[PDB]
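Participant: In case you want the letters, here they are:
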Amino acid sequence: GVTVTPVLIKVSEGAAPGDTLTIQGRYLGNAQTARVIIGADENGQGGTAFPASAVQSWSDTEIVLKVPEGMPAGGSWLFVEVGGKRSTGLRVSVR
Amino acid sequence: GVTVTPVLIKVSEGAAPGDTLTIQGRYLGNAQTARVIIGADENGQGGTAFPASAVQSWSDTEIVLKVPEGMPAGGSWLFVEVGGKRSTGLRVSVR
Amino acid sequence: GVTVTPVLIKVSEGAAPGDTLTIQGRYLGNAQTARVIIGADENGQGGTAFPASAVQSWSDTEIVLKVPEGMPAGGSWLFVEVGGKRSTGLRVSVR
Amino acid sequence: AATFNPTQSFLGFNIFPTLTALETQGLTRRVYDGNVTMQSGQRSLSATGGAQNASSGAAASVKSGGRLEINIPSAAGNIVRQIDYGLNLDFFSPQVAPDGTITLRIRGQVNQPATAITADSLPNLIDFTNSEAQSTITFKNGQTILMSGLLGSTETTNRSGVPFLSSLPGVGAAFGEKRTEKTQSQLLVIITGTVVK
Amino acid sequence: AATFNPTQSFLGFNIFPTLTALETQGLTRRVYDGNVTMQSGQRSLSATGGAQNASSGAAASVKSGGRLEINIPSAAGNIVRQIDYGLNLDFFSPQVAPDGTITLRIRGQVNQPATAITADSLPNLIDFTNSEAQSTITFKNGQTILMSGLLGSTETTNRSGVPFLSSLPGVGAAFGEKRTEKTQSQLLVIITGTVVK
Amino acid sequence: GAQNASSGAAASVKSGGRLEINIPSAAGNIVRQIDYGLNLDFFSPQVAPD
Amino acid sequence: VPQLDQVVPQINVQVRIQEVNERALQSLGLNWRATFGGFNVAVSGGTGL
Numbered sequence: 069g070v071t072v073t074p075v076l077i078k079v080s081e082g083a084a085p086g087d088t089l090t091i092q093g094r095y096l097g098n099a100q101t102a103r104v105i106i107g108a109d110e111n112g113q114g115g116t117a118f119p120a121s122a123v124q125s126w127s128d129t130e131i132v133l134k135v136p137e138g139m140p141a142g143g144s145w146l147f148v149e150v151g152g153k154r155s156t157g158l159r160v161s162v163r
Numbered sequence: 069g070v071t072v073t074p075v076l077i078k079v080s081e082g083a084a085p086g087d088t089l090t091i092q093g094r095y096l097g098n099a100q101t102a103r104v105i106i107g108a109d110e111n112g113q114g115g116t117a118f119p120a121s122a123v124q125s126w127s128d129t130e131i132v133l134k135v136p137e138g139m140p141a142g143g144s145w146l147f148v149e150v151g152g153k154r155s156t157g158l159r160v161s162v163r
Numbered sequence: 069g070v071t072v073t074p075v076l077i078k079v080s081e082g083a084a085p086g087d088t089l090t091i092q093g094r095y096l097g098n099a100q101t102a103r104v105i106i107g108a109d110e111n112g113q114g115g116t117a118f119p120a121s122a123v124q125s126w127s128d129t130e131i132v133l134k135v136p137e138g139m140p141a142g143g144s145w146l147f148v149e150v151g152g153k154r155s156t157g158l159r160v161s162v163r
Numbered sequence: 313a314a315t316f317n318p319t320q321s322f323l324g325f326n327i328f329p330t331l332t333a334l335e336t337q338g339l340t341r342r343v344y345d346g347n348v349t350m351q352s353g354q355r356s357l358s359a360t361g362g363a364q365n366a367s368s369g370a371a372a373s374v375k376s377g378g379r380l381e382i383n384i385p386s387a388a389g390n391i392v393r394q395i396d397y398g399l400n401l402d403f404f405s406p407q408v409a410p411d412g413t414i415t416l417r418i419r420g421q422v423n424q425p426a427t428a429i430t431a432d433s434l435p436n437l438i439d440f441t442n443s444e445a446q447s448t449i450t451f452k453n454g455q456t457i458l459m460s461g462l463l464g465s466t467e468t469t470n471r472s473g474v475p476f477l478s479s480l481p482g483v484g485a486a487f488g489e490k491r492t493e494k495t496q497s498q499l500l501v502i503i504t505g506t507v508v509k
Numbered sequence: 313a314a315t316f317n318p319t320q321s322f323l324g325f326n327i328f329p330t331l332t333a334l335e336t337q338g339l340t341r342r343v344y345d346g347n348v349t350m351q352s353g354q355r356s357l358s359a360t361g362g363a364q365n366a367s368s369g370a371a372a373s374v375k376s377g378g379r380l381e382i383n384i385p386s387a388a389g390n391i392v393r394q395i396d397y398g399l400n401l402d403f404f405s406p407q408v409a410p411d412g413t414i415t416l417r418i419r420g421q422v423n424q425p426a427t428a429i430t431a432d433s434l435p436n437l438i439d440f441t442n443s444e445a446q447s448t449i450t451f452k453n454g455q456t457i458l459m460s461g462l463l464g465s466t467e468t469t470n471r472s473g474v475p476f477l478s479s480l481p482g483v484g485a486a487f488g489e490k491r492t493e494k495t496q497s498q499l500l501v502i503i504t505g506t507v508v509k
Numbered sequence: 003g004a005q006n007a008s009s010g011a012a013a014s015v016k017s018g019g020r021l022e023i024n025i026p027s028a029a030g031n032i033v034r035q036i037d038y039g040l041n042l043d044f045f046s047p048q049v050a051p052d
Numbered sequence: 225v226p227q228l229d230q231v232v233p234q235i236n237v238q239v240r241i242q243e244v245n246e247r248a249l250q251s252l253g254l255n256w257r258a259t260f261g262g263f264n265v266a267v268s269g270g271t272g273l
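Chains as they are written, first to last, in my numbering: chain A, 69 to 163; chain B, 69 to 163; chain C, 69 to 163; chain D, 313 to 509; chain E, 313 to 509; chain F, 3 to 52; chain G, 225 to 273.
Honestly, the hints are just simulated from the structure, not real lab data.
Where a beta carbon is used, it is the ideal one built from N, C-alpha and C, also for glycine.
A few of these clues could be false.
What the hints assert, rightly or not - Examples of chain D residues toward chain F, derived with CB under 7 Å:
1) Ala-445
2) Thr-450
3) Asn-453
Said to hold, decoys possible - Derived BS3-like pairs: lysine-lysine, alpha-carbon spacing no greater than 30 Å straight-line:
4) C:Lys-134 to C:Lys-153
5) E:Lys-375 to E:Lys-494
6) B:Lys-134 to A:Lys-134
7) D:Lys-452 to D:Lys-490
8) C:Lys-153 to D:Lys-490
9) E:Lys-509 to B:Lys-153
10) C:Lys-153 to C:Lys-78
11) E:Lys-490 to E:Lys-375
12) E:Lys-375 to D:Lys-494
13) B:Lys-134 to B:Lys-153
14) E:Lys-509 to D:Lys-494
15) C:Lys-78 to E:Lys-452
16) A:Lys-153 to A:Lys-134
17) C:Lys-153 to D:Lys-509
18) A:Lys-78 to B:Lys-78
19) D:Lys-452 to E:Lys-452
20) D:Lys-490 to E:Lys-509
21) C:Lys-78 to E:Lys-490
22) E:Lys-494 to E:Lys-452
23) C:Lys-78 to D:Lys-509
24) E:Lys-452 to D:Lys-509
25) B:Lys-134 to D:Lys-490
26) B:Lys-78 to C:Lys-134
27) E:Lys-375 to C:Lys-153
28) B:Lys-78 to B:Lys-153
29) D:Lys-494 to C:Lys-134
30) B:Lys-78 to B:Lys-134
31) D:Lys-490 to B:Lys-78
32) C:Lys-134 to C:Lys-78
33) A:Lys-153 to A:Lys-78
34) B:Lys-134 to A:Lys-78
35) A:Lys-78 to A:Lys-134
36) C:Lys-134 to E:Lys-375
As the list claims (entries may be wrong) - Partner residues aside, some chain D positions facing chain B, computed with beta carbon under 8 Å:
37) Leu-437
38) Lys-452
39) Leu-462
40) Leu-463
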């Protein structure tokens, strides 16, 4: 059902608990079909998924999130998995 | 949880006991997740960590410290360890 | 604790007993951690250390001394040993 | 690679195995620390002896390594060059403010010939392992700043053998080969300076 | 590298070992101390004999070593050069103040041909081990200043053998090889001067 | 005196190798440098007060 | 002069270039030759029957 690889083009700065994280891409799907994973390595392994309650908006070209409490601070990789298919990643800095 | 190597870009001068030491970097994390080590060699071995009470500010791109009493005077290397991952070092001169 | 080699950049002239000798460098440490040695050869061997009472000022980039009585007149080499680590030398002329 | 022979028949079972295993590591370090003393409005020096050098326009310099002298006659102008290898540090336009703020252009370069020069070499193509950086930085008296950094990594991880049996975890290497390589690298260029009273 | 032979069978156990171990040190020093006497507003000398030299524009000079003379005819202008090796010290623009403050540009250079010149050599490419520095300094009568310094270091530390056994501490060398090398270097250029009454 | 593709860059970083080419010609000598490995060039880096 | 002599920002820019490649090969082939009375049949991959 999902054949095309999602592409991540831009993420914002900051990402402290309570801040707003914006992601922009191309084939990003639905909030009912996909999920955002943070804290992963270069290959997408590891990492923890954002809760569904963290999603403020989700279009096919933009995702807006609220950073929860308990994310791993430091540098890590962010991916979007649409229908089980992994996107291209971007490096994000959790505060 | 921490996959990206922190980068140290700038340190200030001086560093006498009671002075303010400022460090600037990129993926520097949290004061609850990371620590600053001074007095190390080129490879990060040796050295003593700053106490948690020495931290005045800690963003992901700037750390501000108060130099305690008892640090080894002379030249040495400074590193930041974020989530167990070591950064690139800078040479610092403890007075 | 001291990993970086101190660098000696400039010394003043004269150095007769009772004169003021100024040394400028980079990683020169503390007067409680380091000492100045005069009368050494090219390799730092030999030579006599200045007394601690001869020190007027000691920053990490400048040392000011008072030349005592009894130093060996003639040409010789001056070194600063910071934490047991020897610097690069400069030739000095004791009057 | 299996065959069948309907005309003969071997006696019993023979297995004729052969094993091979190898491990390796390496680690190369190379460090340079250069000082130069200079003035604020320092200009370049034009000596050059008639040869062309990439550090002619530098206010200050320090070198250690080798130097290739090239003298090729040509009808459009002779090629008379100098190529320096080893360590090259060039400083351009070093203005200093009354505060003690230092502005500066620094190149810095480490290079080696890829293969040795053997007096049968021709100056028409030379290979020169090389690492370089250049930029302008500003810092105050006594501070330390990173001008450039570079982190690398590779991996090759080949594998070959019997279908579906060479891919089994652990015992896969009993039905073919396996090979993996990994590399890391780090390059750092760090600058500091002081005012000499 | 293990094999099995199901057709034969050796008698007993044989071990056939072989050991190799090597250690080495080296230490090279090379020192030069040059004086030149000169005046404040001293200008350069233009003799040159028609050949081009990198020290033509120097107010004062001192050399010791060798000198390559190059005479290549060309249609764009002949290449007539001199390359000096050994020690070269050049002084440019030596103004002195009534205080006794001396301002000066100094080059200074130590170099050698990498391989010997053998009368079958051609002047088209020459290799020339080299170390050099140049800058402008100012100091008062009797003081001493470092114009340049350079500290180096290398390390190679290879290792090879049986997987997981050649990496064991101490006994690892019983299952393969091991090699380590380390190098240090120091280069210092120091200047002093006095007024001659 | 050699021609390099990164001459007009405001900042640079390289790691790899470098080919030096000296070919005499009557229309102008070919004196070039070709860099391989990694080349990163930055051109015209303006920054706003934001 | 006060506007042309102001402090301008200093920045650090990081660029990451990443490249991954993967391969997979799979060969399989039977190559026989049968001889019964009068007949000689050979089947291969390059040439057919």
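Participant: Would the pair B:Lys-134 and A:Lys-134 pass a check requiring their Cα atoms to be no farther apart than 30 Å?
Facilitator: violated, 33 Å
Participant: Regarding the pair D:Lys-494 and C:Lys-134, is the alpha-carbon distance no greater than 30 Å?
Facilitator: violated, 58 Å
Participant: Sort out whether A:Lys-134 lies within 30 Å of A:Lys-153, counting only the CA atoms.
Facilitator: holds, 23 Å
Participant: Verify the interface restraint on D:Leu-437: the C-beta must sit less than 8 Å from at least one C-beta of chain B.
Facilitator: This interface hint is violated because 36 Å lies over the 8 Å limit.
Participant: Please work out if D:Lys-452 and E:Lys-452 have their alpha carbons no farther apart than 30 Å.
Facilitator: holds, 26 Å
Participant: If you draw a straight line from the CA of C:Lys-78 to the CA of D:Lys-509, is it 30 Å or shorter?
Facilitator: At roughly 9 Å apart (the allowed maximum being 30 Å), D:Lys-509 and C:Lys-78 satisfy the hint.
Participant: Taking 7 Å as the limit, does the beta-carbon of D:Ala-445 come near enough to a beta-carbon in chain F?
Facilitator: holds, 5 Å
Participant: Straight-line Cα separation of C:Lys-134 and C:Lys-153 no greater than 30 Å?
Facilitator: holds, 23 Å
Participant: Taken at face value, is the distance from the CA of E:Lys-452 to the CA of E:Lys-494 at most 30 Å?
Facilitator: Cα-Cα ~40 Å, so violated.
Participant: Is the straight-line distance between the alpha-carbon of C:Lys-134 and that of C:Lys-78 30 Å or less?
Facilitator: holds, 17 Å
Participant: Going by Cβ atoms only, is D:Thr-450 closer than 7 Å to chain F?
Facilitator: This hint is violated: D:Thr-450 lies away from chain F, its Cβ roughly 14 Å from the closest one there, beyond 7 Å.
Participant: Assess, step by step, whether the Cα of C:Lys-134 is no farther than 30 Å from the Cα of E:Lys-375, and give holds or violated.
Facilitator: violated, 40 Å
The structure does not agree with the numbered hints 2, 3, 5, 6, 7, 8, 9, 11, 12, 14, 20, 21, 22, 25, 26, 27, 29, 31, 34, 36, 37 and 39 stated previously, though it agrees with the rest.
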